[PDB]
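Chain by chain, the residues run as shown.
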Amino acid sequence: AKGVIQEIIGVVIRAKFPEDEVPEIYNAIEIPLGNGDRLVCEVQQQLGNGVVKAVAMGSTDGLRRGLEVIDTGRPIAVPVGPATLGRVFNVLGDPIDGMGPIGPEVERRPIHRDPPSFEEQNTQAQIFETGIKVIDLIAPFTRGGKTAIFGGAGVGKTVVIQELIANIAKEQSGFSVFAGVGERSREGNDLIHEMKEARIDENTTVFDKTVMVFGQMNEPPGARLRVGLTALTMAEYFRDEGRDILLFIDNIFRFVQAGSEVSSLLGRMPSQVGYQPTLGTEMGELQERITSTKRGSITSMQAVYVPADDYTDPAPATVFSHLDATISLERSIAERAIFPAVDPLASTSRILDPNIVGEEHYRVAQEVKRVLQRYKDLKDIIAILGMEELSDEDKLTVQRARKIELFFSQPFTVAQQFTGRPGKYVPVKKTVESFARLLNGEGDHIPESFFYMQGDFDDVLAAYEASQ
Amino acid sequence: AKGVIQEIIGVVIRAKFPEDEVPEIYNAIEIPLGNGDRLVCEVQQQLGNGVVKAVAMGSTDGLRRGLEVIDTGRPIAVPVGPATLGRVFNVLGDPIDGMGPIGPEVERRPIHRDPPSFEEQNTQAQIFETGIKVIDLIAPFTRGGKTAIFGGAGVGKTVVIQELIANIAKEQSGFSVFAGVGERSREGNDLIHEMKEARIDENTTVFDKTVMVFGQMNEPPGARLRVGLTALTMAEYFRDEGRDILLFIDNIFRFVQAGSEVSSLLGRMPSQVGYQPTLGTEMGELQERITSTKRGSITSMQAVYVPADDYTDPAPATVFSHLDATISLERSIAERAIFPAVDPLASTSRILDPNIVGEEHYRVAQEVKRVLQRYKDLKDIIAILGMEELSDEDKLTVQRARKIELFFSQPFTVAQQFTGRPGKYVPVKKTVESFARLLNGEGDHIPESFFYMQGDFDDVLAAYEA
Amino acid sequence: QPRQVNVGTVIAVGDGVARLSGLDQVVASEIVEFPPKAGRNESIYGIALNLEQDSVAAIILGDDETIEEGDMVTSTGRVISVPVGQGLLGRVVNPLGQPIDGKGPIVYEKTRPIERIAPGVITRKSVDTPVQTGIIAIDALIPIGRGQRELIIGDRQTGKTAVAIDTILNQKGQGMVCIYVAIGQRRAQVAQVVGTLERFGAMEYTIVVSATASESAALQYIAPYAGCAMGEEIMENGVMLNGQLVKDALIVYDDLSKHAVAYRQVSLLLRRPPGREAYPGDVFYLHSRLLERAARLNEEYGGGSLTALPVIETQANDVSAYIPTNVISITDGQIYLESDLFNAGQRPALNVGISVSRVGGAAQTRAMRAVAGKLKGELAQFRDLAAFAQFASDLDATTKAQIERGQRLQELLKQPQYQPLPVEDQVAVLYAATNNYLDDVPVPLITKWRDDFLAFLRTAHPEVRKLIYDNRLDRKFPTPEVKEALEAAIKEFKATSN
Amino acid sequence: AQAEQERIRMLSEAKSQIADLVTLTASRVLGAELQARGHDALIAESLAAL
Amino acid sequence: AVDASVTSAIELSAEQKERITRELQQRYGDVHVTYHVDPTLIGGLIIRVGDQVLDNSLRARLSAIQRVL
Ligand SMILES: Nc1ncnc2c1ncn2[C@@H]1O[C@H](COP(=O)(O)OP(=O)(O)OP(=O)(O)O)[C@@H](O)[C@H]1O
Ligand SMILES: [Mg+2]
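Protein chains in written order, with my numbering: chain A, 1 to 468; chain B, 1 to 466; chain C, 1 to 498; chain D, 1 to 50; chain E, 1 to 69.
Hints are supplied without guarantee of correctness; some may be wrong.
[To be verified] Straight-line alpha carbon distances no greater than 16 Å define the calculated EDC-like cross-link-like pairs of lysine to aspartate or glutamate that follow:
1. A:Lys379 with C:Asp340
2. C:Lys103 with D:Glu13
3. C:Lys103 with C:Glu204
4. C:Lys374 with B:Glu335
5. C:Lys448 with C:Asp425
6. C:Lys103 with D:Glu4
7. B:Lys379 with C:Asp384
8. C:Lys103 with A:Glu120
9. C:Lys103 with A:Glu119
10. B:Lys2 with B:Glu68
11. E:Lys17 with D:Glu45
12. E:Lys17 with D:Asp40
13. A:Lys2 with A:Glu21
14. A:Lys16 with C:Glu68
15. A:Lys395 with A:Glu448
16. C:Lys37 with A:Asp20
17. A:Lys376 with C:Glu338
18. B:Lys429 with B:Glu359
19. C:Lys376 with B:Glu335
20. C:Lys37 with A:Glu24
21. A:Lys294 with C:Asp101
22. B:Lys403 with B:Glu448
23. C:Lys466 with C:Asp425
24. C:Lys414 with A:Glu367
25. A:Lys376 with C:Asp340
26. C:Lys172 with C:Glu204
27. B:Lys16 with C:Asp54
28. B:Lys16 with C:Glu52
29. C:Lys37 with E:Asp38
30. C:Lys103 with D:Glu6
Simulated from the structure, these hints should not be mistaken for laboratory data.
Only chain A is shown next, with the shape it has when bound in the complex:
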């Protein structure tokens, strides 16, 4: 304990400790910083004669060299238990809501814990109904399994996440944890607060069953780097005692970007496009903790931001192998005013198996993909020549594909703020029936424009009758 700061490079602080009291790899050291409030750094490396390199996870832009640092001797500890329910925390576990601090009697758990072993893994999963046609048909939201949506900058990842929460957080049958590792403090939070506090479950709000840890974009790289681990530690307590947990981590890519900035400041050799050499290991350490085990189940739902529109970027490429259900949002689909913007061809799921989701559901999904696969094959032919050169069956499949593409669009109850269309909740059975009817041939006479932003097939038929 009682070291001194040697260098302050960005948010990376190199401190010198006595020879026999060097902090451990992941210990949390503190600068008094004056004013009675301290800056909690996390060690990352040990460089030699008592010299350690720590990540500030704070402003670290008003402190000098030679400042003393106090070694706590333990990694970052965050409160866990029912006391964390309905509260908002930092990466450090310090509450930021108007309510008081967590009492000392509440257990503090280190945010760096080993992921569940191979024995503890629970492979049992089943479809989690969500009411979104494209999600519940092509890439079923998996209960007890990791799933994530990959979108660019203009697509509505946040809208989809908010609608999903509105649909499924009321009938939770358990607590939930939200972690915006990297997201706008406007819509990622302080507006999800209003939505969650407005929703009421038998005189108890949804927010009364939720633990929320942000580390918003504004925060320095350390907070965005470790906020995911804080949320995971807060949710593992509830998973370990059997409670079903809904976990919503927003923009894992921001966690990766924070890791990249920290690594760049740490002097590590860059890999690929400026990313950290330890990208795969960091992703493994975070993601392998998001697992439903034999003691409890975590129904994770993540979001991933692709830089520019590159799906070959190392961060989404690393995420892709850590998921059960993959949802891909495309810029072109969104620019075609299809707000869900999900690409069925590039979106898959593990539980899209007839033994799990249902034989009819599986057949319908496979046909809805074989169509639009024919369409992707004939895209160039249509673009340069036109519909006429195709054969009759090819033509029919093409307009069926366009009708399906239009029909995947669905109004969202959270889209009322900029769209006047009321939201719709289409059950998975209704979605399967509607798409089976559409593929049978029913609805062929209906023009494609009638499938835009509708509910089930009955709503499309009713609109067609209204317009005669």
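Starting from the structure of chain A, add chains B, C, D and E with the ligands where the hints point.
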């Protein structure tokens, strides 16, 4: 002349020698292992004071930081001579076959040698007599030249190599050397050793007339880098003896890749796409030894693998800068029962000009490959028209093109014991005369399946009359 | 039994890489121990990779959060090695041989060192014995033989692991000891694979070596050489399987792109100079060392074999990348799986146009070789004529029938999951299809036709299946004897149904 | 066959517990002796054997 | 000089500390011997001099574990 190892980073070993006994730039190191044998490293860089940086040529999974090193004074010395004939060697020249070690009485020559001077280079290109009709007609070799093969497996590239070895061993002395540079151990070995030991010519196996040096992909980058130079040393001995030599380098692109890995491990900055800065010079130090002097010639028939299909890649570009002809074996021709799958098109040569082969040879080689210049583009009109029930001249040109395509096949003396047909050796004069007569029209009035598998046009006539 | 061992001190521990200061007379790939201390009651091993002067940079095979500066490291004289032998069959072991399935300690007596030279240059033999994948497309068009390393390359999610698992399941009684090496694969997915293997009883001859993503990059780096050493021991000494000494091994590297990523991580953390795409210079050497150890030794050296199936994911189907091109160069064959074919209903999703097997017909049974030549020719010509099929509607009856036949074959290759077809069944189906017995069957019902035909042979005529399997090795498979009682069975099935 | 494998794997687990138990009780026979009687000078000489 | 280190569970007499010191002074010279107790290690013939260490008191117990397993 004894030093100590300082650093061991992968297959790069840094050894410190006494100040006045530093090894030369390309000398060997021969780190002695505990269990009797030695690890032959090759110096690459003299640096500092008495310190040399050397490439392993071996595993280096059992070396400490104090092992002594025994400088040899000379570069990697490899056995050369008639003793090293019909045997398989590694990069160091140690025979890896089951037979016994090479006796000390055999002369050992340094692996690194200067290419022949400009004064000794032939002032006129000379065609190399291979005997294969399609090879000696469209894409003739060059005495002391280079030739590339672009074809996968199952197209008979190994059989073509065997036929070339047999022809050079029969018509001339034709001692052959095969260099396995970074090739698959399954394809390069036990499907070349067996297919050449089983293959025979005048009760003498092809393997008995060929020297094989094998540095496979499993070997460290230095081994794949210097295996080519080992093969060149073995071939250069016989060239100095005055005998024409056919040298095969399998996957010279793997030699380039080995050079790139050696440079990356040696601390050199990358050039272009990660390749070594000394790419052109490294290619020159090897390909320039493949040349035809006055006393003898080393003709080379290399195989080139392009990563993906990128010919803009620096390795294929540097390889092609040192090529005189290309042969493109084709899957479609191979699967049409025509065993020599040399595509009449996409098989060029810089010898195919009137001032070397002759006016008649160029004329006949231009009349052919002209009816095929379209790749018989008439196939599409037949496909969508039913030949239109009449094509006038096009029927004659299609018949002639099919006849020539069938006629390009030639019996293999190495496959005589497999297909049960004697092999015919066709000189270049016979090729040009036969194709001249076929284009004149003597091949007409004769149906197909009579030009399928024969040596000369005279043989086709004899088959027709019988 | 007092012993004196050289020790050094950890002077700098970082992201799983430690500098060990003075460890004189350390072998270039030792296993430094990091003995237990206060707070750590176990040992954390590491590999001493860089033997620099006055410093030994050693990666760590485990959690580096416990290693602290100033700790002692005892240089165990043994180069990195893994337990091997009979005791590993049916166990999930991390690349160090320590069981992770919690079914008890691993019983063993021999520890074959990983990172060994290739089996030999002349010690190998021509690949002749086929590896029955159980997938019609692979077994007919892209054959895999014992001792041939066949790459499974595709997009992120196309069926690569599914194909590998189907191959592993199919080797029930074929005298093979499958090995599944999971590199960088999430622990839940490895649990799913183990559950699938146990469900079909395929964990009585399979060794699963898993180095999941959370585990240190060194474990993923040595993940494929573990397992490869296990297969080497199987092919050199054999393991008692079903009362028969099996000396054939089949190893599946679950993803070599993740292994290359792990090697890049450990190299960059060691501050070695990068190369192309930030990968270290000798990544081709890496994978060549790994893959050239898969060979079919001759009868003099044991006659064993080790079949490797590297798996590679390609970003946006970019085959011309660095690692995909390297491993394509290394392997003897490629199996391309496309998302476009996978979505279009072609479940195995093989791109037979560009998938190649350099071994060729030598890795097929004589029945399969005699029947699949027409298959390959007709499929290739159908692929060629697809250009006219897409647009032209005025093509003659010959071209229409030929496109129809191509569609028949393509629908024949549409195999479901976890339903491998034995060699006799595939031979029978392909003989029925290539001999015009299937022409009158409409395309949408061909898969149902094949399933019903297999039920027919399994129930009505087991003797024809026994006859086909008995004489599948003769030079001329279509003997009138095998020719009858098979065309008769097809005719009976055609007459009875539809 | 699985039942036989289950039986034999429990024997190894039982043997492993015996090996773990005997060493823990080996701390009773001599490690507990180190409280009062185990303090020895000839053992210190054994360190200085080399 | 050479930094040596020896550890033992028993806290021998201060004279015993000197006895440890001068039995090592015969080799090399004024070695800076560092003393610990290691309560978790109930034994151990810990003699660490330079980069070499000698140890077997409880390692024999661990060796007995290796034999029985
Ligand atoms: N008949 C089939 N053959 C192959 N794959 C199938 C078949 N039927 C369905 N599939 C799909 O293949 C999946 C199996 O995983 P797959 O082999 O595609 O993974 P992968 O290529 O290793 O990808 P990942 O990057 O997710 O690990 C199933 O979940 C299903 O989506
Ligand atoms: Mg997989």
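ask   = Quick one, are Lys16 of chain B and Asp54 of chain C close enough, alpha carbons at most 16 Å?
value = Status holds; Cα separation ~14 Å.
Restraint status (C-alpha distance of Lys2 of chain A to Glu21 of chain A at most 16 Å) = holds, 9 Å
inquiry  = Does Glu24 of chain A sit within 16 Å of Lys37 of chain C, going by the straight-line distance between their CA atoms?
reply    = holds, 14 Å
ask   = Is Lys103 of chain C within 16 Å of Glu13 of chain D, Cα to Cα?
value = The hint holds at about 9 Å.
message = Next pair to validate is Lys448 of chain C with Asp425 of chain C; report whether the Cα-Cα distance is within 16 Å.
response = holds, 15 Å
request  = Take a quick look at whether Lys294 of chain A and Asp101 of chain C sit within 16 Å of each other, Cα to Cα.
outcome  = With a Cα-Cα distance of about 14 Å, the restraint between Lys294 of chain A and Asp101 of chain C holds, given a limit of 16 Å.
ask   = Given the proposed pairing of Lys37 of chain C with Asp20 of chain A, does the C-alpha separation stay at or below 16 Å?
value = It holds: about 15 Å lies between the C-alpha atoms, which stays within 16 Å.
ask   = Regarding the pair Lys379 of chain B and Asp384 of chain C, is the alpha-carbon distance no greater than 16 Å?
value = Holds, because 13 Å separates the two Cα atoms, which is no more than 16 Å.
task = For the pair supplied as a hint, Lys17 of chain E and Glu45 of chain D, confirm whether the alpha-carbon distance does not exceed 16 Å.
result = holds, 12 Å
task = Verify the proposed pairing of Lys374 of chain C with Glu335 of chain B, using a straight-line Cα cut of 16 Å.
result = holds, 12 Å
message = Against the 16 Å threshold, does the CA-CA distance of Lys16 of chain B and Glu52 of chain C hold or violate the hint?
response = holds, 13 Å
request  = Take the C-alpha atoms of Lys376 of chain C and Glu335 of chain B, compute the straight-line distance between them, and say whether it is at most 16 Å.
outcome  = The given pair, whose Cα atoms are some 11 Å apart, holds under the 16 Å limit.
Checked against the numbered hints given earlier, this structure breaks none of them.
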